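We have chain A already, so just place chains B, C, D, E, F, G, H, I and J with the ligands on it with the hints.
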Amino acid sequence: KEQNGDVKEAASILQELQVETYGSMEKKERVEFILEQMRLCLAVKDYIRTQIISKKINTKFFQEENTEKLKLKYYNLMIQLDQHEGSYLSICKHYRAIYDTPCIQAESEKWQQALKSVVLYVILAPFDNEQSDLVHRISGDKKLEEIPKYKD
Amino acid sequence: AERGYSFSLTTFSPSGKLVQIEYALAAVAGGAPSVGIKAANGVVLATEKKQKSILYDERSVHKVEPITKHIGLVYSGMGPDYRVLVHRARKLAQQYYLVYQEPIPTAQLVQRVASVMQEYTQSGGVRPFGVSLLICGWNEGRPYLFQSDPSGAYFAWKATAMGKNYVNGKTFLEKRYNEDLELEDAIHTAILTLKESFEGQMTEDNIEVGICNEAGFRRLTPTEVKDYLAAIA
Amino acid sequence: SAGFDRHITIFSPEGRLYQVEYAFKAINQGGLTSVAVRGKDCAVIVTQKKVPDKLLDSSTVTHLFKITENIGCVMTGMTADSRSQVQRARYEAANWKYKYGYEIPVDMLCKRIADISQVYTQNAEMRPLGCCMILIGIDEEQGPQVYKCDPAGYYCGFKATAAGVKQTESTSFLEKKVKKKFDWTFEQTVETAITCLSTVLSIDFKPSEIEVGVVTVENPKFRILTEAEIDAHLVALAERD
Amino acid sequence: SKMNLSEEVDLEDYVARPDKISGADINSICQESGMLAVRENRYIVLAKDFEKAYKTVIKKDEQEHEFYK
Amino acid sequence: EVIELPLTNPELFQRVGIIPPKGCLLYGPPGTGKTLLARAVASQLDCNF
Amino acid sequence: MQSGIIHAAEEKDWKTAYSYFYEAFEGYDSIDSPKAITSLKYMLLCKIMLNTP
Amino acid sequence: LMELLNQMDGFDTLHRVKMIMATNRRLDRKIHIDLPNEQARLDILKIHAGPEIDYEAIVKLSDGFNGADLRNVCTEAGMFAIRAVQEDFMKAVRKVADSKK
Amino acid sequence: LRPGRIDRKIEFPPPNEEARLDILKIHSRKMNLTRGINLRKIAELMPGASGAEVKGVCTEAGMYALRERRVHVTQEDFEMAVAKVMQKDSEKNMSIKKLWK
Amino acid sequence: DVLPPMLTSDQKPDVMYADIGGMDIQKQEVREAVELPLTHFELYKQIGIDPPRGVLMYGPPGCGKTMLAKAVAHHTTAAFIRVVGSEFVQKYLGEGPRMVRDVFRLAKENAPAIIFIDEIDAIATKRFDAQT
Amino acid sequence: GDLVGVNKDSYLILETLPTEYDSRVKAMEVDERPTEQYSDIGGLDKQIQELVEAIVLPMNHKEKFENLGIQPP
Ligand SMILES: Nc1ncnc2c1ncn2[C@@H]1O[C@H](COP(=O)(O)OP(=O)(O)O)[C@@H](O)[C@H]1O
Ligand SMILES: [Mg+2]
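Protein chains in written order, with UniProt numbering: chain A, 153 to 304; chain B, 2 to 234; chain C, 6 to 246; chain D, 350 to 418; chain E, 147 to 195; chain F, 212 to 264; chain G, 257 to 281, 294 to 319, 325 to 357, 363 to 379; chain H, 306 to 406; chain I, 141 to 145, 153 to 279; chain J, 148 to 220.
Don't take every hint at face value.
What the hints assert, rightly or not - Restricting the straight-line Cα-Cα distance to at most 20 Å, the calculated cross-link-like pairs of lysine to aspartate or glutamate (EDC-like) are:
1. B:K51 with B:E66
2. J:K193 with G:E365
3. B:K53 with D:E361
4. D:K418 with C:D120
5. G:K333 with C:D58
6. I:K174 with F:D243
7. C:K153 with D:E361
8. I:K273 with C:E19
9. I:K212 with G:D265
10. C:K116 with B:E66
11. D:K369 with B:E197
12. D:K418 with B:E197
13. G:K274 with E:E150
14. E:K180 with G:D336
15. G:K379 with J:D192
16. F:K252 with D:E361
17. C:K54 with C:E232
18. B:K92 with C:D120
19. C:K185 with B:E66
20. A:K180 with E:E157
21. J:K211 with G:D265
22. I:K212 with I:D171
23. G:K379 with G:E349
Unchecked claim - If we take Cβ atoms under 10 Å as the criterion, some of the chain H residues that face chain I in the derived model are:
24. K330
25. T364
26. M368
27. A370
28. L371
29. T379
30. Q380
Calculated from the structure, these hints are not laboratory results. Cβ coordinates follow ideal geometry from the N, Cα and C atoms, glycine included.
In isolation and in its complexed conformation, chain A is listed as follows:
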C-alpha cells in the first residue's frame, strides 16, 4: 500500500498488530514490526502514536549482538520525532547513542557525523545542570578529532 502512492491508509493497516501479544520466535520480528509501525506513523505525521509506540520498546534489548541496524533505525526515528517536537537534549542523547553504537564507530565520516550532531544538539539545548554536564562530557570525549570548527 505505501509503495502504491498511498500511505494514509497503509499506516492504518499496519497500526493494528498486537505484536507484543503475538508471541514471535524472539524479540526480533516483533521489534521489526514495531519499528515499521513507528516509521509509518512518522511518515503520516502521527507523533502521538509514534510516542506511544516508542514507549513500547525497551532500549535495554538493543545491547545485543545483531541489534545494530535495529538500534540505528529506531534512534533515527526517535530523532525525527523529537526534531518535530522541538526538544534538543533528547535528540542529543539519541545521537550520542548512535555514536556509541560500534557500527557507527567504524568509519571516519560515519562516526564524525554522529559526533557533530551530538555537539550541535548539546549546544542547542537550553542551559540546565544536565545540559552543562553533557557539555562537559562531550568536551572531554577526546575523540572530537580536534576539528577546528566544532572543537572551537
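Same frame as chain A, now just chains B, C, D, E, F, G, H, I and J with the ligands:
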C-alpha cells in the same frame, strides 16, 4: 429484635408482631412498580413490564388482567402468587354471578380475595401470598380502587403506588393528584408516576396500563400506550 | 440470613425464597445445556447429549419428549424430576383435550405446569422438583411458540431461550443474534441454536453429541431429527457459514 | 474535567438519560470508558466508549431471579 | 492485559486511569495454575513477586 | 434560572450557577419559551467566568 | 473473618505497583478458570515428565488438575514393580486408574 | 433497684409545656430575641419534646439567623427550627401501618 | 526534664471541595457544623449559640458522603480521626467501648478535632432488649 | 548463630564453643529401641505401607529417588 418469633405464622411475638406477614409485605415492596389512580369518571392501573432481556416475548404474560367486564387487577410482588390470586378472584366473581344474577361489586370481590389471603396466612405449612393486589372496578355509578395485602387487609385508595419506589410514587401522587381528575388526565398522571421510578426508556411495549370506565375494564393496547407516551413526552 | 433457609414456605426478612433459589441451582446441576429458538414458521430445541459410556443405550438416553402430537419439550435438570414433570404435562394435555375438545395451547400447558409448581412453592408437602421445561409448539393463530416453565411458577414466553449451566452465555449470544434480523428461516434457526450451543460450550459438535427437536408450520408435529439430518445440518451450515 | 475526550462525546445527554446511577456509578462509568479506550488503543475517548461503559454499569444490576417481580 | 500499566503511561495525558487497575481477580477452581499463572507472566514482565 | 442568577451573583460558584442555568435552559426549551436565549447566554457567561472559554 | 481493620487497599501513589488478587466466589477484572482442560492434560503431563503414545493413553482416562498426578505416576511406577524415564508406558495408565481422589 | 441500694428513684418526664417554656427561656437567655417573639407559642408548638429538643430548637433557630449574616432570631426562625428538629420518620408502608385496626 | 509527647489524622487526603460536583446543600450543612465553629467562632458567640457539634450523613451507597468527610479533612485546620463502626466489634470483652473511649480521648488531647465514623449502623441501632 | 564464650565485662568473643545440647534434648532420643512388629498394627495396611515408603525408602534407597526424579517429601 425478636429473632425467635419470626419463622412461624401461628405464634405472637412478645410484642404482638406477626413477623412473617411483615416479611411477606417486604417481598411485596421488593417488586415491580405499579400505580393506581382513581379518576373522577374512571380508574387507571399501570405497572412496569420491563423484561430482563430482549428475548422475553413481552406479549405473552400480562400483569394487568381482567376479572370481569367491570373489574380488573394489577399487582406488585411475585408473579406466580399473582396468577393464583387472579384465578381465585375470577372463580369468586363467577360464583357470585351464579348465585346473584349480577356482576360482583368491587368491594365484595376485594373482601373475598382478602379472605383468600387470610386463609393462606393462618397456618404453619403454608406461605402467605407474597403479593399486593390493586383491584379497580366500576360497580354502581362510581369508580372503586382497592388494595389487598398478604395479611388479608384491604384498603380503599384515591391513588397509590406499590413496589420498589412506592415512597417516591406516593409523594408524586400527593403532589399531582387532584380529586376532580378526568380519566384521560389520570392516565398521564399514572404514566408519569411510573416514569419517576422507571429506569431505562419507557417504551410503549415494556409498560402495561389498564383503564376502568363505565364501559368496563380494558387493558389498553400497546398502540394506545404508545400514543399516550408520545402525548406525555 | 441463614435461618430462613431450610423451609420452602419461610420468607427471608427481605422477602426471598431461598429454597426456590436452590431449586434453580438444582436446575444448574445436570451438567447439560439446552437452547430454543423460534423463526418465522418453526421452533427448534437443541440439547447437549452426554452418553459417557459404551454400555448406555443412547436411544433411551434423551431429554426431548413429545408432550402431545404437536407439542414437544426439552427438559434440563434432575432426570427423575424431568420425567415426572413430563408425565404431568402429558396428563394435563390429555385432560385438556378430553374436557375442551381441542388440543392444549402451548401457553396454556405452560401455565398449568407453572401453577402446579407454584402450589408446591407455597405449601410445604413436596420439594419443588428441580427441573426446567422448555416447550415448543405451533399455535394456529399466533404461530411458532417457545416457552419455559421454571420451578417457581414463572413461565414467560420467549423468542429464544436457554437453560442449564450456560444459560447466561446462551442468552447473551441469542440477544446479539436476535437484535439483527430476528426473522429466521428453518435452516437459519437450526444454525442459530446449534451455533449458540457450540460457541457457549467451546466445542464443535459431532452429529451424535447433540439432540434437536423441531416443529414447523407446514409440518406442525414435533419431530426429533435423526443422526443423518443432524449431520447434514452441521456439515452444510459449517461449510456455507 | 481531569480526563480529556473528543468533541462529539457530549455527556449532555448521558446525564438526561433516565436512571438511578449514583456518583460512584458515574465515576465507574468514566473509568470504564477510559479503560475501554486504552485497551483498544484508539487514542481518544468517544461516545461509543461511553455508551458501552454506561450500558455495562447500568446493566450490572441484573442476573437476579425473575419470579420475585 | 496488566502489562500495559508499567510499560507505558498513556493512562495519564488525555485520559485518567485513577491509578490504572492493579490486576485482575484470577478466578480459579480449587487450584489449577494460580501461582504459576502469575509467575510466568511476571517473569516475562521482568518484575518480581 | 433565578437560582443560577443568585449563585452567579453571590457565592461565586459558577459551576453551580451554570448547572442551574442549564436546567432553566432545558425547561424553557421544552416549553419553547422565548426566555431560553437568556439561559443560553448565561451558560456561556458562566463558562467564560470559569476561565474555560 | 474476625478482622475488620484489614479493609480494602487504596494507598496507591507509586508507579509500577500492580497487584494480583486470587480467590473464589481498584481491581475491576476477572479471569475464570476450569479445573480440568479439554486436552491440555497432555501438555501438563509432558512438561511434568521430568524423567507420547503412552502419554495419550494416560490422558484418555485422565481426570486431574496438577503435576502431583505425574509425580505419583513416577514414584508408584519406579518404586513398586520395575525394581521389584520411559519403561512405564501402561504403568502410568495403571496409576492414573488407581487415582482415587 | 432494691431499696437500700437505690433508695430513691427519680423519673424525668418530658417537659409539660411549662417546663418547656422554662427551658426555652434558659437556652434563649444568651440570644438576641426580637420583640414580639413568643416562646410560649414555641413551647405549645413543641408537644412531648424533651429538653434536648428545646435546646436544639434554640440552636437551629440561631443557625438560621447565622445563615443570613444575622445576629437576630424571630418567630419564623423558631418555627422553622421546630419543624426541622422535631422531624418524625413515621411508618412508610401503608400495609404494615394497617395490619392493625 | 520533661519530654515533648499520634495514631491518626496524619495522611491529609488529597480530595477537596472542588473535586466534588454539586452536593451543595450537604456541603453547606457539613461546613456550618464542622468548619465554621473552628474558624469563625465569634459568629456563633454573637448570636449566642453552641455550635451544632455532631452531624449524621444518611443516604444510599455511593453518594459521596465519605468523600465529603475526606473533603472536610483536607480543608481541616486542626485534626481528623477516621474510624469505621465495624472496627468496634472486636472479640475480647469490653474492647469496642474501650476504643470508643480511646478515640474520644485522643480527639480531646489533640485539641480541636473531627471524629468520623464511616458506617455506624453496625453498633448504633435501636437499643432493643438484649438477652445474650 | 554459633555458641561462643565471651568475656564478662568487655563482651569480647574469646575461644569458641563447639555445640550445646540441653539435658532434655539428649534424653530426647530412644535409648532402648522399641520392638514389637509391623503385623502388630492391623487394618491400616495402606497407611503403614505409605509411611514406610515415604520415610524409610528415601533413607536407604535414596539414590534411586533422584535417579527417577522423585522428591522424597
Ligand atoms: N458528588 C460527587 N462528586 C464526585 N465524585 C463522587 C461524588 N459522590 C460519589 N463520588 C464517587 O464515589 C466515590 C466515593 O463514594 P462514597 O463517598 O464512599 O459513597 P458512600 O460513602 O455513600 O458509600 C468516590 O471515588 C467518588 O469518585
Ligand atoms: Mg464509604
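Hints versus structure:
For the suggested pair B:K51 and B:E66, the alpha carbons sit about 17 Å apart, so the restraint of at most 20 Å is met. Among the hinted pairs, J:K193 with G:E365 is inconsistent with the structure: their alpha-carbon atoms are about 26 Å apart, more than 20 Å. A C-alpha spacing of about 27 Å is found between B:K53 and D:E361, which places the hinted pair above 20 Å, so the restraint is violated. Note on D:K418 and C:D120: the hinted pairing holds, with a Cα-Cα distance of about 16 Å set against a maximum of 20 Å.
The suggested pairing of G:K333 with C:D58 holds, with an alpha-carbon distance near 13 Å, which does not exceed 20 Å. Note on I:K174 and F:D243: the hinted pairing is violated, with a Cα-Cα distance of about 34 Å set against a maximum of 20 Å. A hinted pair counts as satisfied when its Cα atoms are at most 20 Å apart, and C:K153 with D:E361 does not qualify at roughly 41 Å. A hinted pair counts as satisfied when its Cα atoms are at most 20 Å apart, and I:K273 with C:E19 qualifies at roughly 19 Å.
Pair hint I:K212 plus G:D265 holds up; C-alpha atoms about 19 Å apart against a cutoff of 20 Å. Restraint check for C:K116 and B:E66: the C-alpha separation of about 15 Å stays at or below 20 Å, so the hint holds. With a CA separation close to 10 Å, the supplied pair D:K369 and B:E197 stays within the 20 Å bound. For the hint pairing D:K418 with B:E197, the CA-to-CA distance comes to about 18 Å; that is within 20 Å, so the pair holds.
Between G:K274 and E:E150 the CA atoms are separated by roughly 11 Å; this keeps the pair inside 20 Å, and the hint holds. Restraint check: the Cα-Cα separation between E:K180 and G:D336 comes to about 19 Å, which is no more than 20 Å; the hinted pair holds. At most 20 Å may separate the alpha-carbon atoms for a hinted pair to count; G:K379 and J:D192 meet this at roughly 19 Å. A threshold of 20 Å between alpha carbons decides the hint, and for F:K252 with D:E361 the separation of about 17 Å falls inside it, so the pair holds.
For the hint pairing C:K54 with C:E232, the CA-to-CA distance comes to about 12 Å; that is within 20 Å, so the pair holds. For the given pair, B:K92 sits about 15 Å from C:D120 by alpha-carbon distance, which is consistent with the 20 Å threshold. Between C:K185 and B:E66, the direct Cα distance comes to roughly 32 Å. Violation of the 20 Å bound is thereby established for this hinted pair. Taken as a hint, the A:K180 and E:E157 pair is broken in the structure, with Cα atoms around 27 Å apart against an allowance of 20 Å.
For the hint pairing J:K211 with G:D265, the CA-to-CA distance comes to about 50 Å; that exceeds 20 Å, so the pair is violated. In summary, the hint linking I:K212 to I:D171 is supported, as the alpha carbons are separated by about 12 Å, within the 20 Å threshold. Using a Cα cut-off of 20 Å, the hinted pair G:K379 and G:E349 holds, with the two alpha carbons roughly 16 Å apart. Restraint check, H:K330 versus chain I: the minimum CB separation of about 13 Å is more than 10 Å; hint violated.
Among the interface hints, the one on H:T364 holds; its C-beta lies about 6 Å from the nearest C-beta in chain I, closer than the 10 Å criterion. Interface hint status for H:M368: upheld, as the beta-carbon distance to the closest one in chain I is roughly 6 Å, under 10 Å. This hint holds: H:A370 has a C-beta 5 Å from the nearest C-beta of chain I, less than the 10 Å allowed. Satisfaction of the interface hint for H:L371 is found here, the shortest Cβ-Cβ separation to chain I being roughly 6 Å, below the 10 Å cut-off.
Restraint check, H:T379 versus chain I: the minimum CB separation of about 12 Å is more than 10 Å; hint violated. Interface hint at H:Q380: violated, since its Cβ lies 16 Å from the closest Cβ of chain I, which is beyond the 10 Å cut-off.
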